[PDB]
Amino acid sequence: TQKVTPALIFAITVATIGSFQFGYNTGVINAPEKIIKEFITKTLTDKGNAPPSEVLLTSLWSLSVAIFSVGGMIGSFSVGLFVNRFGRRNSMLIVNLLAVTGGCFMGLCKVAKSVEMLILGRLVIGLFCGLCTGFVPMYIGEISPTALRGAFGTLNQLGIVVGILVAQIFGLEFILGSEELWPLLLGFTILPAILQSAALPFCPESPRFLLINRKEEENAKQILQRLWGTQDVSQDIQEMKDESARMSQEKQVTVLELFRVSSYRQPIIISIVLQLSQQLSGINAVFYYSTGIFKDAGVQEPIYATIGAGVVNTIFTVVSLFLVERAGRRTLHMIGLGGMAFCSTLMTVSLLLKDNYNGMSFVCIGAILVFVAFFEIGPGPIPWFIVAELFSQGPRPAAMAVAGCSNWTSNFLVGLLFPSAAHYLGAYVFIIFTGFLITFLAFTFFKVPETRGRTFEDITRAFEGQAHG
């Protein structure tokens, strides 16, 4: 009875612009490293100072890159401050002031000759993207029909990887990745923010937020009826009234409370672990260093191979989308972790043997592409939307603040620790990721419940049922 209306597509698509922003700002900074380091050097000396040492330049560059994650840690953790006060839709509209501000700091830092503005820009756009990674799956999770909640939740990741791909393409030297236009490469982030801000007033508020948080049952029902193209929404409305009664009977949920309450501990531990399984897969280490590895394996044009990876990244997100309601979250997440374990292992083996057996070069190239395919089969999309599935209305903002922050914090740690680990371990460094992949494969199989097609009420009651034992 519930259809996919133009209204629903529009509301979800508009939400995923935030996803695009996350992906774009993640990937964009990589291509113009040399150019930006030149800018940093030219700025220091133009201001009278001595030219920076290679160490200082590296430090200032690493800061420009990493400060984005720091902002993301802060932003993701702060989503609880917004979504209950302003609502989900209005939160997304409001924080675009951050996107535009951040983008202007980056777009203007060069002409302003300000390394500080660049760093500040990346911090602010980090804050924005961190809020987005929380806002978007929360919104999509609360407006999607139950039977398509996973598929629609995968559109979040799809926007992210399209963001990354567009970032890679713009980053080409004959596009925006030149010494003249790189401020525009960074400042581009303002355009999606302007577009999304114009469209967001015409998106509905979460009917779940309206009914359960604001006790506006009639408003919620009318929204549902339009969004899903049917007058008959009694099943969903009554589920929401059930959640409303629950929320009124439970204390206001805090972050610390999630680790205290047995009923909350199981899903938050699952939520957190599943974020680590995404980041501690090594996906961002692999993707970033793919260019160097491709080159070392003999790819004559390693940049085009890395764009090829980004294309593979996109194609298999779409595959996940058409498979997550049929196969379920468990199966897809486990296939991806397992397949990535195979490939990261194969990266180590091929890299160890390629100088003695040159055919292993091609295996190394293949292992990277296939790794990326396995990543988007499950561990890419699922952890971003599944946290919204594991909680009822009351705990969900605080949980997604905590989970989201754990996702950002672990990507920070990987960025921070991988180069040192790579230095000492060489090719063996990927066995570290293999270890995490295998550990989380076991965790998933044994500890992660199937959430496909189930109401939040069922899932929550099951967790409570287990907590009663």
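Numbering follows the first chain given and starts at 1. Whichever C-alpha set is largest while still superposing within 1.5 Å between the two forms counts as the rigid core. What changes on going to the form deposited in another entry:
Among the candidates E301, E116, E173, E257, displacement between the two forms reaches 2 angstroms at the C-alpha for one position only, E301 (superposition on the rigid core).
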Given for the second form:
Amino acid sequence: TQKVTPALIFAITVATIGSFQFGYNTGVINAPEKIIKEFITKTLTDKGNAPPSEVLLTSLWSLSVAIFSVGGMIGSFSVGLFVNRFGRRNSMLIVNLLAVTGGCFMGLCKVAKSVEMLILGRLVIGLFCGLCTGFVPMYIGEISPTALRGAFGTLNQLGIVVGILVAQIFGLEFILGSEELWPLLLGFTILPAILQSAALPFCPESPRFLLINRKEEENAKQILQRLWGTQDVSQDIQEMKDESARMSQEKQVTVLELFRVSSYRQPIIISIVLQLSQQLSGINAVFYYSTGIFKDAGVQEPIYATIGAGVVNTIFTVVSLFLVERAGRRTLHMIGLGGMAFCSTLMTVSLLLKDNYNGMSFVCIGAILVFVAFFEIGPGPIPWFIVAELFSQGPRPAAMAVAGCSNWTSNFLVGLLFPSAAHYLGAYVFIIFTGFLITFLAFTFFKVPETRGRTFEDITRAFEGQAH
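Next, report the structure of the form deposited in another entry; the form deposited in one PDB entry has already been given.
If you are looking for partners or other molecules, they are not here, because only the chain is given.
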């Protein structure tokens, strides 16, 4: 007997402002490219350099884009420097200083005639976003009622995709995507941060962290009673007491220790492979090629098809949210991997028959949109919250620094190496991705145990049994 209280929904929603931040900053950079390149040309040339070549502009732009990922790699790997020392909620209150700072660098670089400020600002917003992708699932995972852990955990990915969609809408030239307003398109990131710092004082630190890491039992119990809307919180205080007992019997874990301890090695392998199943799914290739295929299919301003694909992107994230607690994690993730595997084959075949049987441009659009649906059914939301469920309280931060960093790093290497691969492979690049997908589908079938509705204590014991 536990309803969902307005206070619990408020807490998790405010935390997922971090997710919206990650989505917005990831997706905001593409639309203003040419406006910002003219800005770079004007800035240099007014400081007395010769006008930059295309080569130089491509170079400086590419650095603006990419230095975000470098920040995200670092930020996410450092989550373990914050969450135990400051607590989960307080950590969020602290790193908003980074968000406001990076948003100011980006938002002010034009009136300050500074290309360096734009780049610096993209790195600092990257550090911020990396810390977010680790803080938000840890908080959500630790305060959620056990039967709603994955559902609430899906709001993370929903926050991300909505952030992306809003970044693209704002980037329209009649909104903020203009030569006069692109600083506000970029600086916009400080408003959600300002909004989250105002609201975070009304969000409790999770009763789990309070009881387990700070041994504050009777104050954890009072938080719990309000979040749940009931006063019988008995089963659940002690399960937390069981985790507290468990944690005081364990040496807690460094990143290196995850890999030497045997009880951890397969949870951490599941954790990382699931991140690769997300970033090597082919989803990147689909967005890359997407704008090109649209223009080719008679859509003379293809940003609206990109926005339309974001709408689809959002729809099927909610679909997953409603399915994840009944269907399970295994089922939703493998449905995704196989559904994608089918679509990337149809893309290779479409593109190869394209200007010989001419209708194929629409076929390839159908495949792209069906791909996005299958991505959000499982491989999108699940890798972001599952790591929190595979570990007990003590190892969780280090585990989520590793899993989070491997998500950003694989994303970075993919964005780096794919243009070459596509150049030599052409349309056959969707066939290597079909090959990854089948392999990940195999991996999930044999290696990933079901975690839906199970306590941390019963998930951990099963991993310990197997290691025995």
